[PDB]
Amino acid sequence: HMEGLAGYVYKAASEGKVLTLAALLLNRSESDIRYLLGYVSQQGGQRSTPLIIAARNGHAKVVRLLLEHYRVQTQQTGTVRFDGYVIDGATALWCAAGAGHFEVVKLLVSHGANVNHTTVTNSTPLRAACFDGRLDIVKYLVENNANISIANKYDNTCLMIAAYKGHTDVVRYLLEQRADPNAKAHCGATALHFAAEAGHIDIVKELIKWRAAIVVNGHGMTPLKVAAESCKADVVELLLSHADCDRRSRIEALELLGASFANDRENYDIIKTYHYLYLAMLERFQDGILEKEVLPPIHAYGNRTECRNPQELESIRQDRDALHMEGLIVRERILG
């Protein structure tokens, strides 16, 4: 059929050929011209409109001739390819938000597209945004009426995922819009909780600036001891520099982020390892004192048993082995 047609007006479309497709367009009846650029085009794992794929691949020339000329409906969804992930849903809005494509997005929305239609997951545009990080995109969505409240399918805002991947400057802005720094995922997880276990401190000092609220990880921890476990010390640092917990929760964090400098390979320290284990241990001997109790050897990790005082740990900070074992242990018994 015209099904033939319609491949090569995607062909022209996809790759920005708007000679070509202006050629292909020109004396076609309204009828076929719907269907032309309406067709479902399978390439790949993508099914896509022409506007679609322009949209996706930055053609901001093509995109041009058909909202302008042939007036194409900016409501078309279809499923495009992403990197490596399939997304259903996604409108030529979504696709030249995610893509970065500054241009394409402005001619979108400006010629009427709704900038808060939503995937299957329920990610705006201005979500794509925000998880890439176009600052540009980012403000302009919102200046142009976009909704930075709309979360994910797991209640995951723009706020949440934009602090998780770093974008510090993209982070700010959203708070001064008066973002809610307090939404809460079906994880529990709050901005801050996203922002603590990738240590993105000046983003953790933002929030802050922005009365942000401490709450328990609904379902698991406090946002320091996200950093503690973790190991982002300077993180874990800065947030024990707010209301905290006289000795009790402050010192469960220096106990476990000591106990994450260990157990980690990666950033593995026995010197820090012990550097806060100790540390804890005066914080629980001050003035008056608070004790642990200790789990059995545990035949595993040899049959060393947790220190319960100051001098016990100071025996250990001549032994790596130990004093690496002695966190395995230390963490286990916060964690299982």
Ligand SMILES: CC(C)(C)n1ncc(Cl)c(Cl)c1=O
Contents of the next structure:
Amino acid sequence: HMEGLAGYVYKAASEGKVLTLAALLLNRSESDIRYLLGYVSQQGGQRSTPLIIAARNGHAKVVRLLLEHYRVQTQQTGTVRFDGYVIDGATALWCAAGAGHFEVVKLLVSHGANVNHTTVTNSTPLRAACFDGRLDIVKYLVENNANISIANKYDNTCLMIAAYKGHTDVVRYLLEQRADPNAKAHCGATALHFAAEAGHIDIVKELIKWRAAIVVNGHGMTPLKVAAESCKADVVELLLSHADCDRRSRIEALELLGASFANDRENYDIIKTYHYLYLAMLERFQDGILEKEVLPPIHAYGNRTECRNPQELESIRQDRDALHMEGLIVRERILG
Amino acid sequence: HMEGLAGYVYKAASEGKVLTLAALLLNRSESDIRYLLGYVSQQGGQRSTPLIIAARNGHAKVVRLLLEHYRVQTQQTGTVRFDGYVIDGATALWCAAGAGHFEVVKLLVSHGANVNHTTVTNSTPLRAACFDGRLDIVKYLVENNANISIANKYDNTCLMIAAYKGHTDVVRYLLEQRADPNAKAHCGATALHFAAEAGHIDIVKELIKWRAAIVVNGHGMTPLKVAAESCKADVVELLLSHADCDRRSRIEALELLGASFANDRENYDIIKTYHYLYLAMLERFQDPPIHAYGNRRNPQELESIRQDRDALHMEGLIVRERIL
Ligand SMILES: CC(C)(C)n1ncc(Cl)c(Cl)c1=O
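Shown: the form solved without the named molecule; wanted: the form deposited with the named molecule bound:
After this comes the whole thing, all chains and molecules, with the earlier chain placed first.
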């Protein structure tokens, strides 16, 4: 019969009804108080504890009570639903971090919760807050000895995800806490790779100030080819305004940028196509003698052949259709 | 000294102040009037003739005088700027068509303009009106013997450009002729292919019934189900209804949109990735690649997808890599 009361207790905890929760908990034996609070409930996909669901919903009142008066264990783990995806191996500290409930986080940390508890995929509660972007929590966790080096299943640092999610504030903070910006992932990607693809120019600048290495992913893409391919012209100029395998890599990143202005249907500007593509050809002709390794015609892309001469390119500056197909040919060479 | 007056005449023509032009043009000999109206002027990038510059800016008023009073030749050619690229081989008939100046269009063709005259890229005024999408002009050109079969270089028919530019209205009307057209010849694409790429579900229905023929579903380098890559689920299901080619016998019609729903960062839904991709395992089990830098996952037999993790992202990429 006590299986039902555990649900009533869960309800009140998930609803933040501290009086409703407190009313249920008294006039119960120590044997019972443990059971009701250690019970795991299956609300759809989510499988949680009264403590966990309260910290998930930011009900600091229920959280304070469960920790102080009824000394509930912070180590309790559950499977919580964030967005549509289900995260397993989560603790009340982790949910509170992912949902941005600063006071509940402090409550859990203050009452002795493990800041470095790892989820099933080794997502630390610090990572949840870097995904979410709450600098106050991010600061508080690291100040309470949460480890920044604890990465994903796939070695996705807290720096990486924050750079991906565009949190310039936490990214800088993580970099002012000496976070290794040259750390890479299974994908082979650095935080500069994620920022360049996502075009977060402020973070790309921040990762530069902190002397990030120009490394290559598991496709042969530097952060400049990633940003050139992602049609993020802003981050292309900045990344080019420093280091690069100059000449060869620089023309290939300008040719990729120009190609993407014809492919990517969101930012499709064929005027920006000719600008970058012609700039590339001109840089190819400094000692002229820079190799145009063109490929034979295909049945797709018409039967055209990629221009090798700056006069060939000048002759399709006023052809919208030829310039489009040329951007497809360009992409084909650099990427295949 | 007479080159200077040619500029004043151009100016008044370009601004459409027809009354101002007569003051310059009157009291002049045949020798001069020929030069004054045939001068080519370089106003920025565009280098054109007064008759054209009037028709480009839609000044029907100056056009009436220049075409009616002195039957000047519509064949005069120039290079006009249409907001972006500069087009060469344009005639007043073409510019007025491209600029959507219906009044100038009617006047130009009525006075004997070459209605199927092609630009440098063999763009007919009919192409211009379907590109920009003015059905009023599109129709009017067709009754006046403009040829719908003309198309440009690379064989992009007027149907194709309208099919791409989503001008459903012109498409329905335009089916007074060819459906499944020039196969883009160069691109290898049908007018319905451009429709599927752009996901204009409205015309793709037309390409089959209510005007257009059946249109060949054949292209090779991706069937007309290009929309699976273009993340156009709307037309993807639509094409799937036509069966025995894309459904009943066609077991291979595993379009697997979900791979594209993880790649395109504009329409990226990894929930939609697993949804369509799981149909593949379910359809594959009614009755494979390599691990590049630690990959597949792609198998449908393996658990029929464990789900939940972001790993599906890289898994959606493996699918795209396999299908190419
Ligand atoms: C766009 C694409 C697929 C080239 N790409 N973008 C970003 C990153 Cl971080 C990597 Cl590793 C990558 O390969």
